[PDB]
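Only one chain comes next, encoded as structure tokens, the form solved without 3-methyl-5-oxidanyl-benzoic acid (AW5).
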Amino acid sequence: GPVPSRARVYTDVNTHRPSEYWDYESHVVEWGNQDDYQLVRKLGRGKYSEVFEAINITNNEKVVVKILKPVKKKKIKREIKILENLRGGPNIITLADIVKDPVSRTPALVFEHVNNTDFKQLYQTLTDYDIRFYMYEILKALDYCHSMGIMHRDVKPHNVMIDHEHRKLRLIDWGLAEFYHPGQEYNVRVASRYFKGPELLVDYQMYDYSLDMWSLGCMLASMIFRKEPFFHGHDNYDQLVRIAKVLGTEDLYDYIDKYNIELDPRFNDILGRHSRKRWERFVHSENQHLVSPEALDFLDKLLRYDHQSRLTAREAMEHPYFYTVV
């Protein structure tokens, strides 16, 4: 079968901690008062959640209320435990309260409010410096959650809130996050299609924190090249073909050979043969002010088939691309 793998960093953080820490199924949840909060407006709608702007009527402070469709109790417990574990970490959304609606029997998570600036409006006003600054802020959040034995598994622009006026960034939506246990085989049906790492697409279940580093690389490539998304798959099989059109099919076979992965027969007639492209090929007149040899070098070290060969969040923070930031 497939060759086993483990993370290169923070490998045994959960193994050396008591059960209390990672055993979310045994975690005791305590509700606050739903009447402390008045809902203002709908902010968004997710697969299993509805997000609202609200007012905490006891202190007149704005909050964010994430109402969960209680589809799977185990998943709600997991997110609550993870949020509690990460509470106060750099650039991590702060869980402030957990409440329930007794009439509809519905749980809700209460967060610190984040004054998010528009993604489609930011995309053109941002400078080379701004990209470096916010990428470093996301890395602070990932290095922290990885050090806490947690993989986010859903890194994408929609899960990154930015209050540009105050240069404040928060990594949100911890509903797909999971505790990392070396040797564990995880469900590959995580992340959003465009941000899925090759390990997910070839159904390699023994993945780790490095998955988040692929997803971050997809975000960086889309920002510096002004191409959203960078890898535009139309389905999960086509997604690997879009990556192969950039990274080449040679390094893809080296990857699957290294881990003795069995490629699904659905890849037989669509994968084709593709040469390894130079990152310089994606530079155009519309994006050249955001591209530099340091950015390309950094990107090349993130977007690698081999999850083990990708930079960790800490190594990424030490890259020359971030020499200009504090």
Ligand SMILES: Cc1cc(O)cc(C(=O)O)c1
Second form
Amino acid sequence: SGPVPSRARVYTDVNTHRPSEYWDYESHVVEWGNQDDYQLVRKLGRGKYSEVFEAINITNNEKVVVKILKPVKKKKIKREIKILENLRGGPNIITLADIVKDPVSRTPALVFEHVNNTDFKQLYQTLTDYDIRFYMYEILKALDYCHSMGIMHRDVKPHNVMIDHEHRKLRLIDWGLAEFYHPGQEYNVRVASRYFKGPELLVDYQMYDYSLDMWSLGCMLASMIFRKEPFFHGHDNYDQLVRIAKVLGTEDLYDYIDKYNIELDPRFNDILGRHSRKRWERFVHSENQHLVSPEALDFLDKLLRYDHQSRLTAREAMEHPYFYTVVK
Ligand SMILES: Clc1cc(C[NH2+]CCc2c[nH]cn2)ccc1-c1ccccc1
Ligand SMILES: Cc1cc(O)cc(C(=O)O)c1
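Output the structure of the form solved in complex with 3-methyl-5-oxidanyl-benzoic acid (AW5); the preceding block shows the form solved without 3-methyl-5-oxidanyl-benzoic acid (AW5).
Next comes the full complex, and the chain you just saw is listed first.
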């Protein structure tokens, strides 16, 4: 009689026990400040619906990041602002400093603390086993905090993680896809980035939770310790599940869909095939061995599981032997 319901194993009712003012973003009143305070310096990147700039705040001569948003959907903008305000000051959460609109354009813009990001393609070959453990723990601080505040980031990936390596500072950014978690709620599965999409999204299982973020974090860990980017290289959303099945095996995939009475889309019929469960050790090679250890593999095995409920929570992950060498 349809799919089996599911709920988060942690922070299940945090939004339920809070007043609507906290989670009802649509009713949130946004106050837009004048944008004359900030002068744009240079473009940092372009999003599908946003443009990010490095900027100078004239009042204090301090660098800031300005995210100009193309207002395609008003509700989405309110959701990001509300979530940013709720999380403001949390560990490793990007800090929303201001919300402004340009006097003439009236286009929405978010102003953030500046983060001096070290090069994505240059950091990959210098990081040691310790650095990966250190930065993975910094991301877990952000995720445990946001999940505790009843929020799912829903877009965890390397692009959304800013690292100032010189100051060992990490920030989880772009909360545009983030959502409040309400037990029993059926969310839109068209979230995250293809390579980081949890099996729950790919099989159209809508009653997902914070555990989605842990799958995405598992994908990032696998790419880093094995030097294989992305780890699961799907060419489309259906092929993405096949790439996962080629590693995790098809037997555990059917156990997952049977546990939640998920109806597998017919598009999977000719592409899924049959795949044995691979051992994590088979991804170890001369180029990545210095980043791999039994602890790293045991930790990875506990994140990359079809069953979202069987994945470690951010707090359980922080207690893993893989992080015994890092300061808590
Ligand atoms: Cl090595 C690394 C690099 C990045 C890239 N961040 C730049 C994104 C960006 C560029 N421009 C705007 N945003 C993110 C995460 C990691 C990472 C992953 C696993 C474990 C430790 C670290
Ligand atoms: C500090 C920073 C940089 C960036 O590229 C985007 C954001 C965001 O939150 O989308 C924030």
